[PDB]
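Before any questions on binding or motion, here is one chain by itself as structure tokens, the form deposited without the named molecule.
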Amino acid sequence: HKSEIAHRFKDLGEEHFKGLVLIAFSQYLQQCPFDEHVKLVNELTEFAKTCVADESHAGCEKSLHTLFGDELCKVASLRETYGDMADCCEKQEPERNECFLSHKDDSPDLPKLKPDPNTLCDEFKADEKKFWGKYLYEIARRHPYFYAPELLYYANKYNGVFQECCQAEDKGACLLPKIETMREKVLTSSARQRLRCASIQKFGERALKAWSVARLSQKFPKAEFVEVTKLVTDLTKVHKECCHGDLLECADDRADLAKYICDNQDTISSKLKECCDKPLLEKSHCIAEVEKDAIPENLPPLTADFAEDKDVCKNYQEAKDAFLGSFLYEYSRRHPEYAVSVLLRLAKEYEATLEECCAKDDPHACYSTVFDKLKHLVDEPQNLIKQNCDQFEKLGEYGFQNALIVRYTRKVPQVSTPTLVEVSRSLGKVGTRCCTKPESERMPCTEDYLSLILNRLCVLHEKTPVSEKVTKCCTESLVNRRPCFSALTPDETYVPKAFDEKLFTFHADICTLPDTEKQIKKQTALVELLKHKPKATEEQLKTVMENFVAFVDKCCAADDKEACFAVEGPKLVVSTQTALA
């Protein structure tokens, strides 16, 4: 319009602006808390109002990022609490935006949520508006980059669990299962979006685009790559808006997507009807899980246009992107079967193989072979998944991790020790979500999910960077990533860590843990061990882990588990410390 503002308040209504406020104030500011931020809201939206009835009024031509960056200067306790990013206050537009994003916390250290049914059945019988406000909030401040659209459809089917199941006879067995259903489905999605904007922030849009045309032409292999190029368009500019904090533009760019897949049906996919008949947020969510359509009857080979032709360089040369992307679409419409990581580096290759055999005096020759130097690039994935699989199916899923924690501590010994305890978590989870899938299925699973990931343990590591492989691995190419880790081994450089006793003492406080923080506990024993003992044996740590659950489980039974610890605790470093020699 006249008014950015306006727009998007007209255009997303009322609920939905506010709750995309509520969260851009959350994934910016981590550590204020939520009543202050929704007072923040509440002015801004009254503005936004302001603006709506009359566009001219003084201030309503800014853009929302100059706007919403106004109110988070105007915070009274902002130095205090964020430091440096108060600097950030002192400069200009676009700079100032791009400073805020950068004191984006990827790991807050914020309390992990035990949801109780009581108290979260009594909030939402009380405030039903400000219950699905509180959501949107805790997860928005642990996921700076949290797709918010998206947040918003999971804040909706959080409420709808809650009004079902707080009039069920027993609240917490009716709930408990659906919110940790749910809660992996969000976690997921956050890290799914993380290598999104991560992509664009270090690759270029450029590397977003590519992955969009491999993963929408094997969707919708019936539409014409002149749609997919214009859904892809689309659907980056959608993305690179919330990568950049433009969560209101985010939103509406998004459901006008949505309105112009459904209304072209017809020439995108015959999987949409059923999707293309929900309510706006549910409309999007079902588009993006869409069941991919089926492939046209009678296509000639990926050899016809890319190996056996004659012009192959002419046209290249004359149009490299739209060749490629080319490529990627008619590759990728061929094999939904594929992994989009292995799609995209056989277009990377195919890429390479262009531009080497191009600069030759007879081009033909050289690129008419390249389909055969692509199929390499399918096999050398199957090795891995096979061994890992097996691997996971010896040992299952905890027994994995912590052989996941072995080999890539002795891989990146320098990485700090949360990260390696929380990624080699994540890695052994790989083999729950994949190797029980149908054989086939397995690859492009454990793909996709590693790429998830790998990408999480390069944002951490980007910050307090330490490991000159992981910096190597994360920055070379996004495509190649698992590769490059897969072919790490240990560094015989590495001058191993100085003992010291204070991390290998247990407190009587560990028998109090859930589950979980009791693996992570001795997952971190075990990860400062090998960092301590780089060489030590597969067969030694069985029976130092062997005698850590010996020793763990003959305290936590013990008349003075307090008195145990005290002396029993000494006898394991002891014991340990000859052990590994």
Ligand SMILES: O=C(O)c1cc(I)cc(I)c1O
Given for the second form:
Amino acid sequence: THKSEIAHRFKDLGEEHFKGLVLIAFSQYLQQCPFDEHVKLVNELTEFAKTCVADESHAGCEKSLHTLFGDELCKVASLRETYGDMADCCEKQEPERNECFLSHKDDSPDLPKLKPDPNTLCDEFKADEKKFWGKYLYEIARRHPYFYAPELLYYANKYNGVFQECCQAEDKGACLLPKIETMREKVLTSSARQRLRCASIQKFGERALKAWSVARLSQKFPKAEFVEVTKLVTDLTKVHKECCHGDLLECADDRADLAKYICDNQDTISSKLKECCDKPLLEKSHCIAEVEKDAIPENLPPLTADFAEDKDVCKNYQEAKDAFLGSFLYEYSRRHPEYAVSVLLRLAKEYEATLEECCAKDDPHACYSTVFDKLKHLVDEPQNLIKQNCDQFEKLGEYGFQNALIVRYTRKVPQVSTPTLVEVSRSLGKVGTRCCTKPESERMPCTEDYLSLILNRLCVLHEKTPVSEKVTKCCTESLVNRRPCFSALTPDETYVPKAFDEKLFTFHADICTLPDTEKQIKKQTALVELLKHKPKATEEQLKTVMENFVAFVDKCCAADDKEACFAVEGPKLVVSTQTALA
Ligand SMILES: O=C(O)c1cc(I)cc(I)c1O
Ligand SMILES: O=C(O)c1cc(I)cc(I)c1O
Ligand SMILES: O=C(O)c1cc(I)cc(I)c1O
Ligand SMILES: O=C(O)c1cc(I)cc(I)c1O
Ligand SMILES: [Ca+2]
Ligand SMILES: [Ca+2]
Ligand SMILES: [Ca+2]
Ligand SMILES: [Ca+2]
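Starting from the form deposited without the named molecule above, please write out the structure of the form deposited with the named molecule bound.
Below is the whole assembly, all chains and molecules, this chain first.
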């Protein structure tokens, strides 16, 4: 019995989750407002839902969630003061009003860094568990306004489980701290991934997210029929769409239905689902996401048969380009759980091009007969790139490898801003640690997938106020060729070196008194600057400059009166460095 969307969401999801989803919505839309105020919004909106559960015909209950929510945003008194043109949105009609609001969501918000102090935290948690859960929802959402919401609730539960276990113990910090750092990695990954999903939707169509999904599921569910994989992909894709347009109640609902659909059909999807399908809802959906792949069906025809050798290939393609191509991507991926989905979509796109050309020619079959070998370079390229880069990772270690990446990338695209260059090169530096030690069967999936993620963060940060047409080009050409494209950029000698700014290379006694993250960043920032100033420095010249810098920092940190020391050796470094790079 459903004619009120908000009555329906509230009945299906239940009050606790409803409130969590609503809090998240607001925290993602108004990233600057106090936690209190957001709680008040969530409570008025939840009472209005209750009134609707009670009478589904009460005035307003027929209104979509975007309508009701947007209406709540439009009542915030501090709205124009705190967010400006975001308040122009109020003069639009739905869906435009929600598109313009979406468009103000800040991807790199100027916010204090989260640094946990176990006593205050353990105390707050004992005082009020729900409210604790809630500020978690809040701060994380504030920092990731596109966080996949039902998954953020899952993490808020685990967060709670960790605090419930550890606060009991004697050494809180030693219990809390490792667990919180591990989870912080997992949250940052999660965040990245959903940002890529939304941005892909927003820039390349739903069709791209769909293709990716066919590839992913066809990998996990190699036995499932193309029809089943198709249905899964449709529902799952709709889920991502609702979450990317900010309708969280609906995304969480459709997701709960998907997990019900899956746990109810294991027999035609996968034998690896027995475990997952016995957990409570959030845990269940999460487990379904990360599930181990099932066995590949034992005797399978070669791909060559139906896609290169058959005589009707062109005819079949021509009757249903999409189903034919969908079938290609499905059939390739169920056989290769060891290729990265990025590679798989590249193979598929190559296949489409090959066909678009050959099916037009006088004798198509000879043109398409030999396509698979033409497909070979798309697998060879990134196998090689991986081997090569992990070596560099072996000797240098994380931070050495990051310095190489900062060098590479700064030469590559120097019109790009220092903070982004830095953030992105560091993150790229994490790929070796995350992947290189891996047994070969994962290594390509592991690296390519991670890089799409980091390169998407580059695009999203660059799209905002674009400075490198080179970047814009790599980011917006094809979603799937981002990596190769970026790998393919060579440095530019038209690039006129940037004028010398003393401000950029003056260092003070504060650097000794920095959390290490801030140390490495201050340095890495300096390195990026130097390379925008001296585009053509060489690897040895740069290594030496580095040696001089670390000697200098160590020296001045070590004296009991350091400000004098920096005040004196600092310009000595500048001189020396300018002489070396003269
Ligand atoms: O991302 C954070 O800022 C963050 C902060 C805390 I405290 C705990 C976890 I898990 C996080 O992911
Ligand atoms: O990404 C998800 O949230 C997700 C959720 C469900 I339920 C099932 C699969 I396969 C997924 O990939
Ligand atoms: O940075 C790259 O170009 C790169 C590309 C691939 I594919 C794998 C690894 I490890 C990399 O470091
Ligand atoms: O999980 C996904 O469905 C997904 C979708 C896209 I588009 C890109 C990456 I990396 C992903 O992991
Ligand atoms: Ca910003
Ligand atoms: Ca909707
Ligand atoms: Ca709907
Ligand atoms: Ca439902």
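Residue numbers count along the first chain shown, from 1. Rigid core (definition): largest C-alpha set, two forms, superposition within 1.5 Å.
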| property | result |
| --- | --- |
| Residue among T119, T489, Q92, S440 with C-alpha shift of 2 Å or more between these two forms, core superposed | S440 |
